[PDB]
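> Based on the hints, put chain R with the ligands in the right spot on chain F.
There are 2 protein chains.
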Amino acid sequence: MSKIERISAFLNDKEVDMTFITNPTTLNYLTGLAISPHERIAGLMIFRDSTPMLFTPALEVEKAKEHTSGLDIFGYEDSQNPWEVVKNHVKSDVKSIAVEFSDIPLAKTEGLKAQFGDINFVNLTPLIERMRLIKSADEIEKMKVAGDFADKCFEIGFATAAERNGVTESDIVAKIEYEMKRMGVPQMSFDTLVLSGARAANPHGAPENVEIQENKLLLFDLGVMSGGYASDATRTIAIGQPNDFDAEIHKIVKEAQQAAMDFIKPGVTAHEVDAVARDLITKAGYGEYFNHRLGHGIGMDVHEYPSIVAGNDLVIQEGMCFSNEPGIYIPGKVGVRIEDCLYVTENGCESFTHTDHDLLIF
Amino acid sequence: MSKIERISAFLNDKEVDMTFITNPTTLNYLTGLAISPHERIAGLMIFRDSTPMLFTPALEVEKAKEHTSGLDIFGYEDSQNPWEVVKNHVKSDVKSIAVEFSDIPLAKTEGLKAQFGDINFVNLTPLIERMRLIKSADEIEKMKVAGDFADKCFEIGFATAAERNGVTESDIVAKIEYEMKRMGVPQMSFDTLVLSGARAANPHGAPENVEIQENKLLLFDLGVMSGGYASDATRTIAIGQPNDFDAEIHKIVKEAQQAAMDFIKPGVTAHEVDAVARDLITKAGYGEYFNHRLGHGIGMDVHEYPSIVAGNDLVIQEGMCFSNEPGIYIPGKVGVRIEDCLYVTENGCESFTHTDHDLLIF
Ligand SMILES: [Mn+2]
Ligand SMILES: [Mn+2]
Ligand SMILES: [Mn+2]
Ligand SMILES: [Mn+2]
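Respectively, the protein sequence lines represent chains F and R. Using my numbering, you'd call the opening residue of the first sequence number 2 and step up by one each time. Using my numbering, you'd call the opening residue of the second sequence number 2 and step up by one each time.
Quick caveat, the hints were computed from the structure, so don't treat them as lab data. Be aware that one or more of the hints could be misleading.
Which copy is meant is left open, so a pair is good if it fits within one copy or across any two.
Derived DSBU-like pairs: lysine-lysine, alpha-carbon spacing no greater than 35 Å straight-line [unchecked claim]: (1) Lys15 with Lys96; (2) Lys176 with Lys153; (3) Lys145 with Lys64; (4) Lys334 with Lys217; (5) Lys114 with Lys255; (6) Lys66 with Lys334; (7) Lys92 with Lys255; (8) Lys217 with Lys64; (9) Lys114 with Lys217; (10) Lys145 with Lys96; (11) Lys182 with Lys153; (12) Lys114 with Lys66; (13) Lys96 with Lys114; (14) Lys252 with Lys96; (15) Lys334 with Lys64; (16) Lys136 with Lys4; (17) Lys136 with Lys153; (18) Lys64 with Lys143; (19) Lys182 with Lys96.
Isolated chain F (complex conformation):
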């Protein structure tokens, strides 16, 4: 039964009067409508036993009532005090409101207190996070579209680097984001990374206007937003023939990531999935250089639940989405990472990106 009926069940169980939801991502997940309120006010109000209302600026009202359903919509003009309009549409005794503690600024809560009195505010964010851990088949299709665009990014990026003739890290970044803009993509899901040689072992490194080094490795970490959903992936290639040491580090990381991918299925635990990759790299003598958890969740944002880390005994179940991204980073010498995100099926998993994992030579 619907997300809205789940939130309304929460309110009765905890004896809270209504919500006032403000985050534009949450608003899109819950209503289907992507709204950019910027400076003005917009809120979603859900009750224990009454029709949910949706309060927007006067200009967005008609757009909103063609592209949502089940909602009671009304608005306000710059000539009005918005909290007075809201007050004129709620005629009950409000003594508690559920809001999102990390998003709602002081002006909104004070403006709200000025009408309904001395409110007791309750945090709604933990329940929203929990509803997002399991994805529907409809959600997984959209994330598959974002994955296809991440695969095109690699082909364009490898080809741009192989032309040499003075090409730099920033030159390659710009060319990649040029092609995505041409195909209609609205933005990247995080800052695009292209790092040459020893520069790939720095955890704070950033693409700059430095020429890529011959006979060294090149790291690409990238991702896009499409239809409100995200993608994330990493691949490490070679520019000319590398030396024997750097090719052996790449083999270790490669086999470690494929072993975690052949192990994931419902019934195992997050701790166990981290351990497959980490034990393999530790047994080979490079444990002190794999210094972060194996993976993180993904969905509308690039960083959600669950956490694939030690000490987490959560049971993996069908529908979850998360990243699988081991690495070895050795300062001044070399750094390598290989990354996919995936979704969990009834007897296994499938990955969102398909580009080759081997050490290709350009």
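Leaving out everything else, chain R with the ligands in the frame of chain F:
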């Protein structure tokens, strides 16, 4: 008054004990420290008669003394509770705090209340907007740098559309932003607009993957961020030879804009600046199709003060920075806008951009 002296005199006049300033653009504006703190806590604290203090995360502590002087800097470890460090470091009594009411979220004012008690909060933002309304000489150099980048975008945009061969509005936008990226520009200051023929008359049109039209006009509205400051301009050209109706509409807009630039100087009012261009368009027979104010302010953002609009009797002063952008939009037929931003000198004004204003044919 230095900027710090100005905040503190405010506190003595209003009987407030101290500040907790949190927005990173404000932080940069007041001290020269530009940091991106994500979810960790940073705060600037000024007093009525006592040395200012600055609270940052344990990382940023010594990159903070790189860029600031005269401030007692100190930090906190991820294993610590930040508001506790703040409470044990402030050894005077606090019952009231000045903050930025639009920026500071609920979790942070509740974190402060649990350490200091029942705080009375007071809004500092009206004062920052009054300090930002007049620009210093150093601020104007940086805005000129951002304006030159906008002239370079026009050179690139005209050339790309001259090539024809099926090029579209969205092809043209991608090439503009590609080139800015290669030069190290962090981002644009708003969504770039390229609109062809009758599509420029839509008040809500947007670049799309459709071929530009021969023998019609083409509109370019664009700007960048550089060094923490913004820019904004518009030009309108022709693709092939235009018709006589569209060329006379361009001439009317050209003269209206140039007329307002020769009028602006200290002493006149904002209402009078709007009327100079508006009367010219009205007397030529198209007043019904000039349906927005003549300009807005510019600085760190593109949406600040003063407002150039009927009814605003504010007096213009040396050092104010605003836009000058009349236009005519006739549904189904044509749209033209021409736009510069400017700074007011001791006896006139000067423009931030220099690209030609005439109707050029590519
Ligand atoms: Mn990644
Ligand atoms: Mn990742
Ligand atoms: Mn403007
Ligand atoms: Mn503009």
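> Against this structure, judge whether each hint is valid.
Verification of the hints:
For the identical chains of this complex, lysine 15 and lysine 96 are neighbours both inside a copy (13 Å) and across copies (32 Å), given an alpha-carbon limit of 35 Å. Taking CA atoms no more than 35 Å apart as the test, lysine 176 paired with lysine 153 passes in both settings, with 12 Å inside one copy and 19 Å between copies. In this homomeric assembly, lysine 145 and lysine 64 come within 35 Å of each other (Cα to Cα) only inside a single copy, at 28 Å, whereas the closest approach across copies is 39 Å. For the identical chains of this complex, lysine 334 and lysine 217 are intra-copy neighbours only, at 10 Å inside a copy versus 58 Å across copies, given an alpha-carbon limit of 35 Å.
Taking CA atoms no more than 35 Å apart as the test, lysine 114 paired with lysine 255 passes in neither setting, with 56 Å inside one copy and 51 Å between copies. For a Cα distance limit of 35 Å, the shortest separation of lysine 66 from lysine 334 across copies, 30 Å, qualifies, whereas the shortest one inside one copy, 58 Å, does not. Taking the closest pair of Cα atoms, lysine 92 and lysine 255 never come within 35 Å of each other, the shortest separation being 62 Å inside a single copy and 54 Å across copies. Taking identical chains as interchangeable, the C-alpha atoms of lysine 217 and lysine 64 lie at most 35 Å apart only when they sit on different chains, with a minimum of 31 Å there against 53 Å within one chain.
For a Cα distance limit of 35 Å, the shortest separation of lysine 114 from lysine 217 qualifies neither inside one copy, at 61 Å, nor across copies, at 54 Å. In the homo-oligomer, the alpha carbons of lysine 145 and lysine 96 never lie at most 35 Å apart, since the shortest distance is 44 Å inside one protomer and 53 Å across protomers. For the homomeric pair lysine 182 and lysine 153, the shortest alpha-carbon distances inside one copy (13 Å) and between copies (20 Å) are both at most 35 Å. Taking the shortest alpha-carbon separations for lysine 114 and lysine 66, only the intra-copy value of 29 Å comes in at or below 35 Å, while the best inter-copy value is 41 Å.
Taking the shortest Cα distances, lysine 96 and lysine 114 sit within 35 Å of each other both inside one copy (10 Å) and across copies (21 Å). When the C-alpha separation of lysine 252 and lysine 96 is checked against a cutoff of 35 Å, the pair qualifies neither within a copy, at 61 Å, nor between copies, at 62 Å. Taking CA atoms no more than 35 Å apart as the test, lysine 334 paired with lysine 64 passes between copies only; the shortest distance there is 25 Å, against 56 Å inside one copy. In this homomeric assembly, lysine 136 and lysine 4 come within 35 Å of each other (Cα to Cα) only inside a single copy, at 13 Å, whereas the closest approach across copies is 50 Å.
In this assembly of identical chains, the alpha carbons of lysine 136 and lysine 153 lie at most 35 Å apart only when taken from the same copy (25 Å versus 46 Å across copies). With identical chains, the CA atoms of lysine 64 and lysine 143 are at most 35 Å apart within one copy only, with a shortest distance of 23 Å there and 40 Å across copies. Proximity of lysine 182 to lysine 96 under the C-alpha cut-off of 35 Å is found in neither arrangement, the shortest distances being 48 Å within a copy and 52 Å between copies.
The structure does not agree with the numbered hints 5, 7, 9, 10, 14, 19 stated previously, though it agrees with the rest.
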